[PDB]
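What follows is a single chain, given as structure tokens, in the form deposited in one PDB entry.
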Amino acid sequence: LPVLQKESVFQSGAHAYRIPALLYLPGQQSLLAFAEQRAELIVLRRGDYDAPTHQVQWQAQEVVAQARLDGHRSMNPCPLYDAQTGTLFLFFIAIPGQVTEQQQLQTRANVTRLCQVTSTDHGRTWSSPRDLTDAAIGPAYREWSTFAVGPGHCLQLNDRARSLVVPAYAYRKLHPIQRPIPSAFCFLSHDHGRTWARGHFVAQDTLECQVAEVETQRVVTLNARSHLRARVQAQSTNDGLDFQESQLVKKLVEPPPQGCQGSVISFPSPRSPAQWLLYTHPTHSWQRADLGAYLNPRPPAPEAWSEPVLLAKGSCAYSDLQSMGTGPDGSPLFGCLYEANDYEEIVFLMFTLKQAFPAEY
């Protein structure tokens, strides 16, 4: 398909950059591109949408120095823009850089921390890190071996409270001998991050997931990575606290046996339903290759997913999507950050709905 922009924003022959996260700032009309740099830290590149040239002008890479705990590796950048306050949240995971004394005695001891840094100046400067572990997870902490959030952008609902929903997953130590099994879930806050609730797990063996909100009443749809041949999806009518039965979305392939992370976002319908969904993920049946974009015009119905349009041929892995307002051709504008070329780079792609799905126009 034709695109407005395609450029590598992170590159490393040593596969130093992985796990992309993209965040669009609607007022500034800018993007924040985050990635993990292998202790492991989170880096960022700011990019302004230059209307006159309809191109994002990426600035110099910088380390998010605040997004780190002493003696810990930082990973899984999970950004969010709070439309009510304008504040930016960068949630992330912190794990000890070396085996701890506790782990020497208990191999599966949980030593993973949930953290956040916030910005009130559009991401130029960040607050000192805040450890949300105890407040968000509580007594369930010891029942897991580790957990993570995202990766990729989180969600803010259009409910009265403008609730924050952070997609996550935990490796549950259910069997003393058998390896911990991961299950996806959501963290939910109705007060802009002051308090948090941990939602119930969806089906077992679900990893990295992302959530979006759509009209159908408003529901939260969770799209997760699986070890099966298809993606796993579930919907919640209570902001992610409880999900209805998980479903296999056969139209969205997953390459076994490991699967791959994918991204999903909602955007205003270009036409009965209020929102449509756009999702990106590799399209090869058993390899992480051929990144494709899929559309769901009647979300989140599993059977409504479109055939994918190829965004990039070849090696492609993890990706993150963001809607960026209206494009130069009048149709919705999108930004996508994805891993490519055997993890040697993270590429930024910008395209419109009209470019990707011409049949719609």
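The term rigid core refers to the maximal set of C-alpha atoms that superpose within 1.5 Å between the two forms. Residue numbers count along the first chain shown, from 1. Residues that one form lacks are left out of the comparison. What changes on going to the form deposited in another entry:
- Superposed on the rigid core, the two forms differ between the two forms by 2 Å or more at the C-alpha of one listed residue only; from 238, 120, 84, 107 that residue is 107.
- 13-15, 98-108 are the runs of at least 3 consecutive shared residues whose C-alphas each shift by 2 Å or more between the two forms once the core is superposed.
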Contents of the next structure:
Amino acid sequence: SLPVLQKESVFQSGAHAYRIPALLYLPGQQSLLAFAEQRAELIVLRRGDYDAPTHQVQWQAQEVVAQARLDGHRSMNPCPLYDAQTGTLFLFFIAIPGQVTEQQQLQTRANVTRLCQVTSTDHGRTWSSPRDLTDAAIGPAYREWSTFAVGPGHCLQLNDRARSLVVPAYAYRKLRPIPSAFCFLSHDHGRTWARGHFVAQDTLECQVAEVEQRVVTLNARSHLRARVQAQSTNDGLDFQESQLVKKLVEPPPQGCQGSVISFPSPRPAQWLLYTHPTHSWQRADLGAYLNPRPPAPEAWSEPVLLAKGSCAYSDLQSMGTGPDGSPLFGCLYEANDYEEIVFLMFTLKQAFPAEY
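What would the structure be for the form deposited in another entry, given that what you showed me was the form deposited in one PDB entry?
So it's only the chain below, everything else dropped.
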């Protein structure tokens, strides 16, 4: 394990069970928003204020994102998104009928999953009513899908003309059900939602990052022994290029979700950071990977050990300049056989004292 600034558990599986973390930074108020699935069942949230003096994050009391649900459906895969332009907070998620499951939908081929979002204009303190965007965003294609999902994890807003909203997703499309990664795009600040195109075969949960002319790189889990990296030159509408990244291992089963963010290069305008279990055959040993010449896959560094032991899902968030003057990061990840979601806060200089 690497020397960090903070390591506290934001969610602990005691009187309840938590999974599928989601982190979101608010640069204006230097606050983090920690989302997670509670039991699926509901989506909880926990705001934690970053205190500069102690180089700490004081986490407030958690709460149930109540409106983030649909009667008779259970909520899953929280995907927070902050529109800097309008200062609107978006929380996407997936709603599934009562006890129905993924395998039930995959085997039955009867998609019943629902794409939703709630928004907050006072920083997730209170939320708008749920807006079911299924039909409008997916359209006819919905009948060709056995099921689909968003995130989990932070979404992405672009620096293009419209400051477009990008939401990573994947779906089991028919051709027998094959999963593919794609993005839901909004060029009107969430007003309306189009649906981008798919990547090469077999790609599940994924996250997107931007980098500078302007390409959106996607990192998705696969059933292969590695991660798949797709690049879009038309803002996520199409991901023309797609490669398997050998250095980015994926545990045996069907892989494990991962997280990728972009941040200000110390010297391309950005660099990429990526967290994922590094262990060879099991979900353990969460590692951090650095790409100093993005999107070049062969530019991916070796992982740096973040946490030894059982580590599954994760979500990263850039948090501006850290104490040592280098980039500061916030990492939300599942640990100890899903008995808790641990928060980690460290700097570039702390994780990669060489490439700095």
